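One chain is shown next in structure tokens, namely the form deposited without its partner chain.
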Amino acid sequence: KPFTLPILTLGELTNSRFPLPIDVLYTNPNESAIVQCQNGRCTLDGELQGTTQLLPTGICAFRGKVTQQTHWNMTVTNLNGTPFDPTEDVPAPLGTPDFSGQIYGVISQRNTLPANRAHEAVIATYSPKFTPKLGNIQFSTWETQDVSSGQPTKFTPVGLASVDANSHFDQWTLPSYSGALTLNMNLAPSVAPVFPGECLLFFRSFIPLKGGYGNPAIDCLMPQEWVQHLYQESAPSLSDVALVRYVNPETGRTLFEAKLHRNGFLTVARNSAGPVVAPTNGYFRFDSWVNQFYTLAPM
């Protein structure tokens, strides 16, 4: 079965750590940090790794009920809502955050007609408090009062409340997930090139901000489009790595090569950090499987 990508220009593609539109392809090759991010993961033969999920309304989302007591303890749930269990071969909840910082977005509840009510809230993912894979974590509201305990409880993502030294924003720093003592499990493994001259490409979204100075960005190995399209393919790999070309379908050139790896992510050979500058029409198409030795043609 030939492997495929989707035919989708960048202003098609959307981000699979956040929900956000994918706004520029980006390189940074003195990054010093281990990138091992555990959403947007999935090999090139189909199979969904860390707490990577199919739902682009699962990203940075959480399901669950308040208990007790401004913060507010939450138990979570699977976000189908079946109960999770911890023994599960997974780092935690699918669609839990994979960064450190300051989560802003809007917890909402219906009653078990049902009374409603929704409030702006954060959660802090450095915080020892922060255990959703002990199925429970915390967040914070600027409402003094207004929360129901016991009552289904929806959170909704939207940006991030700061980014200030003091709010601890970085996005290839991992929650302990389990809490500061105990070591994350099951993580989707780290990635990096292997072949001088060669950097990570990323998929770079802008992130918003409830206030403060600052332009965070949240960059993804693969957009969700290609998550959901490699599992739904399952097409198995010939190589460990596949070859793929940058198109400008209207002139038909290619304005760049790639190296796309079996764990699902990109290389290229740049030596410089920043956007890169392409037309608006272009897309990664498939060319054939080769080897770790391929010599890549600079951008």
Contents of the next structure:
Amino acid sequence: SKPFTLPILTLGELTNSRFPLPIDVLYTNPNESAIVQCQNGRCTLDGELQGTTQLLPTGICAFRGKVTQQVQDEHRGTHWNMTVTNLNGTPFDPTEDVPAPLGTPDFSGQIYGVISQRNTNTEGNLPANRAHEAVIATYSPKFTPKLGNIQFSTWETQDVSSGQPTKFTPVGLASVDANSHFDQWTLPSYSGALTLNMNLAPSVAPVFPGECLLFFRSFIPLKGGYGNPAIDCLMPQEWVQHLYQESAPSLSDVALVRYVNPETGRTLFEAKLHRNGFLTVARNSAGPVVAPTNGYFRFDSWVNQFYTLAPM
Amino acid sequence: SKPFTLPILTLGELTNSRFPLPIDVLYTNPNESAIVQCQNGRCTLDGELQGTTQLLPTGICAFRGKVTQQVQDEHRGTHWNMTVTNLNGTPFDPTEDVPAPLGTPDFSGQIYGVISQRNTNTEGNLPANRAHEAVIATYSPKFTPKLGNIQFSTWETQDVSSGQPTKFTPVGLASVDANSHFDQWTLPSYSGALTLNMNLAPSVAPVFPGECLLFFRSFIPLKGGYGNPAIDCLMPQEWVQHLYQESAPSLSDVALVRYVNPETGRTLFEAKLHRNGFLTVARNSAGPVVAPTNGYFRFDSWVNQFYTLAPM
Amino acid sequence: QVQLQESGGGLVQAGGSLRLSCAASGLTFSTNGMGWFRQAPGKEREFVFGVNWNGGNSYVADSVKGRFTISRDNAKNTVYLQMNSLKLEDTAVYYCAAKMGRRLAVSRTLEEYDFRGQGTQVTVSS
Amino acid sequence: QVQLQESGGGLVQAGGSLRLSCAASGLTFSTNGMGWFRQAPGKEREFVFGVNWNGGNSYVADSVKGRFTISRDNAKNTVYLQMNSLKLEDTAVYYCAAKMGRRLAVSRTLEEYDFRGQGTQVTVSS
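Please show me the structure of the same protein in the form deposited with its partner chain bound, now that we have looked at it in the form deposited without its partner chain.
Full assembly next; the chain just shown is listed first.
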């Protein structure tokens, strides 16, 4: 059996698996009442990708496809419908057993980014191009990526072309105001409000008394307004990538890991890395975990579910 | 000023609001010394549900939840603990201002029924199931539904699964022997024996001399043994349902109603339907009221408390 | 011992949004009906949005129908008035009211309620 | 209701070619791993050719490398075993198996797989 390992990466060398951001801090919040069932950054310890998780950092919250037409919508701005393909450009088959095209965003909110286009027809036989700021409201009934199309809005009033290859590059959130419905733990309705999401990666929670989830937190930029929104992922993208490459058999349901400071050789705290791909710690407080950012999690051993963590 | 009405239903079209049974007879017992303060089938004439009263006929004396573990207990049979949720599956919050989860049984006794389970995990991805006869002793110190858990016993020795969704379907009583403590007017201790029941629907009694309570009576099945036990409710479930829908303002404390025989158009007797949701009659005897089961109560008018009923 | 406490109000531009909160003590929203009223100076009070104990029945003022919604957090014994698109007409003190009991009807007049909070101020400017 | 159905087998001469099909229902090959095993009467099971969910990793038995290839029609939820240049050694019943999950590793033992079909017969005579 191939021995299980994690990469040796400082916190400052980790990227969020739910939005293209560096990890800023480790973070706990034991009073969270929401169900934690994100779909990006989901990977079992033996390397099985789940939910909408794919390997490209550039694919997280990205879309590829074609604008079909401008559409009429109450809300401010100009609105556009676009078919979405797989990230590698092949057609998305709605009957594929995933919740949505891999990389689709996994939370409710107004996701801010840039829509860009490069025309297929051709001026030196050089195609025409355009890019504009755009917002994708993932809570909207028009957000139906599992059906193969989504809507986005622009401030730009007309400079978006029908029938041309279209890329969405995520940048941050448009707003965290009341009516922007940012909730990082509410899943989109991937086929539309009245249809059930399918093929979901499972929810995660601590089971042992005293334990809570430990998150890799990134602060996400805002197009304007007030706020300090954050996205918490269960494992950084580099862990997803390494577990997938390694394909190591899981020898129990819980891997004990230690967060070590290489400047001292010492363990700062220990954590349970669970088979489905998430961490718990014995911590009785919310907020950042203050730890040297050159530190990193090191695999210690496989343990049983009843293992008692030293409090943080 | 919506006018107050009762439904037009024969006695054979009425359901007991305290156990899932048809109404068999109207019934008086003027020498009852017990305090009548049942908690199911409680609804004011203007449509306010009280006690543990909910609207589903299938919810009366039902439980929904999860077996946590087998437990040890003196008495015969095998014993199991289960958490109980609300009937619609949402977690029950013991600080909710009700005596216990809505539908909880409202009397002391050994309630006989079936416990059934459908596993959440997965064989064609088809869950495993099992059902067995079960008994819930509502007088027991382990009957603490207001705290979110109860005990039940089976004859079956092992085929009940921990951690799986569980339903109790009530059928009748296990016994009316001395040690089965059947008393339909003794409330359970919803939180356990040393704690006060709370948020109770009020007790009911006649006030004008010569009057007595009139009950809708159902005979309740027995798992074995000798007896002819019955359950008396103040209003059938269909009146609870109708009053709730109608939300008609009560124009006094007493609605005069008449029991009419549609075959003749005549009134057989009259009764007082009181604001808190119960009937009195001027009757000086105990036992069934012999009346055509095609008959029904019809609203006559609002009267004051000093109205003198024609004796039956 | 029934207290109702409103919060979440503020100053906001036309087309913006707020989420008002009404927290209760001595009473659970899951077993009583409640409603939102608003009171601007020099104007008669107005019923905004009311709901019964289980959320199965509500009343929404025609002026706010497509713009205001309600939610609840039973664990927190708190209900919310979500004002998703605010208009200049909406400026006022928004306050919370509770009517005891589990019933179907949603009262639209303040004198039928049993308890009220002081409110939280909402100003829609530019 | 996962079912795997093999077809395309038949009788063929040494040096001939076939294409076998494994069609699935209740499971998409584009999100799971699959493999081909063969079973000749009186001999032990043999693993022939396996692939992961996106075709980015495979295992090919040394005896068939250069003679057998695989292809995909995930629009039809079917994968193909193309057997060019069959040898006398190749006679056997060929069947497919699926292993749940999007992973990199290609299992080579049947007990690791989650589902199997009955197969299709391949005889190489002369």
